[PDB]
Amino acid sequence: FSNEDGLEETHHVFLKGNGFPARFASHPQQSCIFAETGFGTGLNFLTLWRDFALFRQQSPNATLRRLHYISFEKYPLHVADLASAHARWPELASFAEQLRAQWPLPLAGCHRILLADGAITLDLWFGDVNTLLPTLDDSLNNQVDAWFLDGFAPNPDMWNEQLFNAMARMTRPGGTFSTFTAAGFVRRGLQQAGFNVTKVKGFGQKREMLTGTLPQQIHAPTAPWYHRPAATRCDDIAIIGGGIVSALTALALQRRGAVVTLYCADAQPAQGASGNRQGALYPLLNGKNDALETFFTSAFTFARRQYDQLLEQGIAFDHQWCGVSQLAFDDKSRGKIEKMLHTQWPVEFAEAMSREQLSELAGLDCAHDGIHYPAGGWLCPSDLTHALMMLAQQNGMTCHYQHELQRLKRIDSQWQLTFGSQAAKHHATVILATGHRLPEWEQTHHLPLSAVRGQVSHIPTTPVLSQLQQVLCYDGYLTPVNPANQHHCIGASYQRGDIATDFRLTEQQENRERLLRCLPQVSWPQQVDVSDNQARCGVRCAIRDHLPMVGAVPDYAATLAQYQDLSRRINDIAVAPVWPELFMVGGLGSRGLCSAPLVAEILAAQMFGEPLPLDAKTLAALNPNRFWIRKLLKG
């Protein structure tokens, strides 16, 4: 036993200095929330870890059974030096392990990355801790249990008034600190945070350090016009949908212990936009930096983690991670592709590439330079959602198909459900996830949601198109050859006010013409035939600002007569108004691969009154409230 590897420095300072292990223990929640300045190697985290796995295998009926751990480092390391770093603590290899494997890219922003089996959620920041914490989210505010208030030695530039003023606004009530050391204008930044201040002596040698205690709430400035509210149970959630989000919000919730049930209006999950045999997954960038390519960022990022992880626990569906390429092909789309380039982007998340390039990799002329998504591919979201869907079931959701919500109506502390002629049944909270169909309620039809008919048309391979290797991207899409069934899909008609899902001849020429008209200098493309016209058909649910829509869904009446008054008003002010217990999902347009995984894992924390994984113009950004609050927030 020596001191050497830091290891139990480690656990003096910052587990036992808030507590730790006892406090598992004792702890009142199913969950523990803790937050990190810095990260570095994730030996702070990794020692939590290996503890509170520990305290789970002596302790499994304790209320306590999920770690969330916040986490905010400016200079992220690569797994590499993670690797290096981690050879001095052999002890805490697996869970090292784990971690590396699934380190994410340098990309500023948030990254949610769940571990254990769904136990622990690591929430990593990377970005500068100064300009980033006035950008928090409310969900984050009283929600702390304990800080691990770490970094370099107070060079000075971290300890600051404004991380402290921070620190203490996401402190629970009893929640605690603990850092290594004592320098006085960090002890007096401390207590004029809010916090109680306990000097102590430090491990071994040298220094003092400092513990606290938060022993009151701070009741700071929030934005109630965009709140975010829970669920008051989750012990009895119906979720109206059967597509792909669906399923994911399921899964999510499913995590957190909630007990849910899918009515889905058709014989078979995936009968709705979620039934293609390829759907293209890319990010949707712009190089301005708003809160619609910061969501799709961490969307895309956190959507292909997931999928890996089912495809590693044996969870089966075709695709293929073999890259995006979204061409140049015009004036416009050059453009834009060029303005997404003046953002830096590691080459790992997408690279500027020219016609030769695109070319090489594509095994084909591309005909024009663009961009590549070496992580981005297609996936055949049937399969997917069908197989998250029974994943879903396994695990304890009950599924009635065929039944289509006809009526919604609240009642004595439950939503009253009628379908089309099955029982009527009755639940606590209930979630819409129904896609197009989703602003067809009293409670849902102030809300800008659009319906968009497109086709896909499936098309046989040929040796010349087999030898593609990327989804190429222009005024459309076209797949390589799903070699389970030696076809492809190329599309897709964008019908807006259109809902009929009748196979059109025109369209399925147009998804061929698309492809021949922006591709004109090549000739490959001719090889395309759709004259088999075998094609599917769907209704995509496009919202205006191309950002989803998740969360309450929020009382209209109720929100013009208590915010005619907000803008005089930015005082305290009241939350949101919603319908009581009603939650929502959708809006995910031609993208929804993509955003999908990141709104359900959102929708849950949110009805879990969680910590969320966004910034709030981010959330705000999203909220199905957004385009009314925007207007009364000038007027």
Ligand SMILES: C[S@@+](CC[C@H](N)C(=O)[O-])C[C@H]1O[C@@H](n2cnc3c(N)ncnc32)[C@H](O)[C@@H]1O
Second form
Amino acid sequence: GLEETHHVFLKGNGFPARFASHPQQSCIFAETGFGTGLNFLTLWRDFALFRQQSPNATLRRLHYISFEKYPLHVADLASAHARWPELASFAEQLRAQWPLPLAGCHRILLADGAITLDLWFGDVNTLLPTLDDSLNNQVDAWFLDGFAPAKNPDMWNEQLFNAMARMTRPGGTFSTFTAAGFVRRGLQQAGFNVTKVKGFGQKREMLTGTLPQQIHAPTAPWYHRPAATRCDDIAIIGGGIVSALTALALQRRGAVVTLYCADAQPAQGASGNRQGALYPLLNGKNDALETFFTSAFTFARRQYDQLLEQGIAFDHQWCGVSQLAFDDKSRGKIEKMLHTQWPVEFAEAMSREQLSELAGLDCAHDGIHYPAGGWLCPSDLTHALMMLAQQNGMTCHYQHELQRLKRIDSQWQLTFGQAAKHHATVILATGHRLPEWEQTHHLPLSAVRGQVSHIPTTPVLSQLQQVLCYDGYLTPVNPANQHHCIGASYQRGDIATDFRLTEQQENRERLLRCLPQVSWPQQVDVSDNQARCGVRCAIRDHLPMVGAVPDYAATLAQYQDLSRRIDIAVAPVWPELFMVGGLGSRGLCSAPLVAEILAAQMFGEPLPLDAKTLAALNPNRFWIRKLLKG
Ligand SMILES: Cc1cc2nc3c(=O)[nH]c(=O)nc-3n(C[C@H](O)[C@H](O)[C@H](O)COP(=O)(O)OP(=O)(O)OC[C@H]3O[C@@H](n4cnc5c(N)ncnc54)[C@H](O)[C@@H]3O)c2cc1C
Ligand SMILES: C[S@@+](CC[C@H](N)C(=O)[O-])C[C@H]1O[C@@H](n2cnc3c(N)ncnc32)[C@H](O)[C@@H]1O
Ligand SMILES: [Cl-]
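Beyond the form deposited without S-adenosylmethionine, can we have the form deposited with S-adenosylmethionine bound?
Full assembly next; the chain just shown is listed first.
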């Protein structure tokens, strides 16, 4: 059982000995058929011993990538783990984070961020062609497990073996329990030098191999995501939600990061509301957007829960979010969402009466329920994260408004309309003020003002248990303050944040206009004129922008022949300059994954989504779309 898994997969790949001699900060494992996580857990255990033994070794981080067609339920997993008492503490940590069986990639951060696990739910043969370039020449060791080739040969094909080899780092290796000739030959022609060796207790034979030379893969240069060359010296310009997260995700990898915030405090931009909704944006199309939002939402709740379990404090309730079909238009949208077959734990159609049963108040309409969503307080959250970011080594310079940005001799010159500063690597996280630079002003980002009202609760109002979405939204009472949030105005190209009376009334009218069949909405009282204004940064396709800051003039020039050639050059970018923004009204949900993607990209690591989704999040994607045909 345990000793076997060890013999085949860890020993068959050089471990535990390779740990000590590994030349890199992290090591990438890739596994076919996760199952109950035996291989992963056995590997975790060994990497933990190693880290205790040699706290000073090059290898600090571990990245495990795995495919599973039939993801088990967490109970199943707990039942099986009983076979192995000594993996219990690792097993427990993995079960505390098992995700719902939703299709696609689910990144789990384990062992205090020393371990990144990517769970890809789906049939491996179908997923492979869809994957990103950041997987090419990346894998240190394969764990080629699965059903026995004779009992089921459906996965052991040339397409699989080739992709494996394509994703393997030169010098990297694989091992598998099986011995079957066509596998031998299948892996050899894929590009490995294969050795046949005896299995555990000479019961059955098995195979191991090494990739002697890098394979020159199918590649997609136009949407290339390059790494930063130096992560020892980084500045973020921002101070909003996406900065805290971005900072945090870089300090997991040991980057040194510095914060420059225009305001006296963080979260004085758009991340500063009292209560914001958190739920996924579905559309039933299975496009880039849905796929992204499916991972981002679940990831977001995971991270916010981990944070929570570690003492970080912010007002919030995962009370579930109820989205209402109040409209011919909205009802049609909800109807299209509900075409994909979601787990009820993710999203569920429900009737007026069910939603009203849950809500505590008559909801006037049927709709869709998101049981894991809720509200949180973005202000408290951003302050909390900036602080932890600080405590873990991020120097912060508030009242520091960047005024000029210049690259002169390997360094970014920063000027502050106070002491000027220079940095090797810079990230822009400025929200709506993102396209204000020579360097960023060709990006199709827009500013959209919004005002959220603050309203006292009432005995009947206090009853509401869900966040409600219509043409606008109403949160439950915050127990700590006895007030709700109801919003929001949406003013394109308006960037002022002065309180407006017109917009205050509109927030109530939206609620009354959309739920005319019931009477309790009348209890919403905006007459105290308390509200908050802020500016959103919107993108016409609804996905954020995260990556290398692209070079407009250099792109149109470099890619004139593009449409024709479907080996080209990788995309033109401003050196060591990256960004993350364009979160519109869904940043609570999208920030954590965009944050992680940036850190991941800047460390040249493999990324947690497929080629089209990643492509669809790239800063240069809008330019690349015109020139992608003419
Ligand atoms: C009315 C309204 C309602 C919303 N409702 C929701 C909701 O229900 N759910 C949800 O998820 N999200 C909601 N949002 C927020 C949405 O997610 C935002 O897009 C998100 O908060 C973006 O945050 P950010 O960190 O990218 O930028 P911001 O939070 O706006 O931060 C930008 C930062 O950059 C700094 N800065 C800017 N320029 C400079 C300069 N040049 N030099 C130094 N520092 C600079 C500012 O000081 C600020 O700290 C709402 C927003 C608004 C305005
Ligand atoms: C031996 S079991 C899992 C053992 C696993 N190595 C462990 O550590 O527990 C093999 C697994 O392969 C998965 N599998 C089989 N075919 C697959 C495919 N085409 N794509 C993804 N997973 C597959 C099965 O669902 C099954 O969970
Ligand atoms: Cl908000």
